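Form deposited in one PDB entry, single chain, as structure tokens, below.
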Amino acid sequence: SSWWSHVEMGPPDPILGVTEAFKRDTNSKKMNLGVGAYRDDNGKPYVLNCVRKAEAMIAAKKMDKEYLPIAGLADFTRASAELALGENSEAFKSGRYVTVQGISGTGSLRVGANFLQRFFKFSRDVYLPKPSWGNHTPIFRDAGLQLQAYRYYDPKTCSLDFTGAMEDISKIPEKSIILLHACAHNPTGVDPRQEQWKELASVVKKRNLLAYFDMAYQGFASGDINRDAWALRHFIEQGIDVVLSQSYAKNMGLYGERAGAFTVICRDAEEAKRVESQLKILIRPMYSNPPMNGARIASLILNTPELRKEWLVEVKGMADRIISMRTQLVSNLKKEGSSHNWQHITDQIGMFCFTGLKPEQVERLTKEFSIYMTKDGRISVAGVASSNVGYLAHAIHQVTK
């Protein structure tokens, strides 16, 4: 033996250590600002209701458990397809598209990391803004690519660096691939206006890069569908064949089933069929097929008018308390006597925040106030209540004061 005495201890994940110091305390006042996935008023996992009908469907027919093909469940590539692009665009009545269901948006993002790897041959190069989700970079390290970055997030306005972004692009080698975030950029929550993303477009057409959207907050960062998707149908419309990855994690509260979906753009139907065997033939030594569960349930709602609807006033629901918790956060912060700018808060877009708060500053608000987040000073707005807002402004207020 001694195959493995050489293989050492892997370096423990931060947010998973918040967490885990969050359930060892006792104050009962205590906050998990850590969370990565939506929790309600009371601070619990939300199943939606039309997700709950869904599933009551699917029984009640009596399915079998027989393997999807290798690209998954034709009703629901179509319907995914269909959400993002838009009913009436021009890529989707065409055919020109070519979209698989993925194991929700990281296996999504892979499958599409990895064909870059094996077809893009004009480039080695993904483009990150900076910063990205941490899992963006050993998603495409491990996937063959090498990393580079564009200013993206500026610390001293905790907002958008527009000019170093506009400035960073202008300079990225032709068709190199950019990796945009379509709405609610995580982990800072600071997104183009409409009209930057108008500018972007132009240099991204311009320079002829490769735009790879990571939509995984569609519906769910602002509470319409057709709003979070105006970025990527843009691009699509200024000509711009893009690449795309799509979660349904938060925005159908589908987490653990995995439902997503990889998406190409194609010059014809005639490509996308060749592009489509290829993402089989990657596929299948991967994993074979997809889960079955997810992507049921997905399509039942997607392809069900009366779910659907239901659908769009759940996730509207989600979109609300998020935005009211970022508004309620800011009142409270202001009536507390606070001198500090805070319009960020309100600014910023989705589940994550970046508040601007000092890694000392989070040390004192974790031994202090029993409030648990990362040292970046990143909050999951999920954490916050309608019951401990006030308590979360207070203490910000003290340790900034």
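If you superpose the two forms and keep the largest set of C-alpha atoms that fall within 1.5 Å, you have the rigid core. Residue numbers count along the first chain shown, from 1. Compared with the form deposited in another entry:
- The rigid-core alignment places the CA of residue 10 less than 2 Å apart between the two forms.
- Comparing the forms between the two forms on their rigid core, the Cα displacement of residue 49 stays under 2 Å.
Give me the form deposited in another entry now, not the form deposited in one PDB entry.
Excluded here are partners and other molecules; the one chain stands alone.
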């Protein structure tokens, strides 16, 4: 009877755990459609061109590796605030915001959730859409808050339950927290229409809810960054002080370098100055200061005009390509002879497709074809290339036949 004899075997991650099993498969045809990760049209990991050149300059600069302030590299801190908010922004231009570099999206989410646990004096309830990014629960639940839900997807239809959403939303108790995904809602890929968005804006403002925005896909929903941040900016200009979390994992393909940011819209510059002090104190007994390489790559790109341009050409290139694969997917399905309606594939936006497949169908895809996706039926179309679109399609067809 040792210290840890009582410690039982936990299960593998629901998403992350899929790459671990994918890795062991010997099928030379295996496809890893589970994590949200981008592959080029040869189905190879794609390290963006502006990333490769930003590395070379850091390199060339011969930089030191000294600890960064607890809140992160300032330029990166400020360049994100601005990319999230728009440069003309009154919030941004008044300096009533505090952005802290975090350990990507996940890590900004958690510093935030931990900020709310500690200073969000009006409620312990965080309302997540139905469904949501499976990690959002444990994020919030280990942080110390309570989890709730509001209706969002309509599986009979393959779209938003806008009536059910505003019924749940207009009834959440005042001063509660509501998580809303900026764009490329995960795992559904169905976002409120701008129209829908003005209405949610109203109810949130009216019920006085703390709006927490998750923006892990900025530029993946429409292929335009500014367009993808509309919703967030529409909120803030309606006078809603939201908190937000950003990831550069996907739009800059910085996955394992981990660069991301957590921001709070405050009342004045002075309040901003005090929420910062307190966020630092929270982050010091955590990991002390943040990972420098991603932060430095991102900043040089966000802040060097030509790198900023090259990056948007490349973000667009990525969005288009997912599109081309959606398209090509539905068509081989028809071609294979599927009888099913696959229109949601092409209708959905972002890196995934919320397919509808059941678990037995997922399970045989894995086992007869070496096609790994999450058991909720989600596949990452981001990771399909010109050369296995045909394979997936036939597989999807066989197990669906």
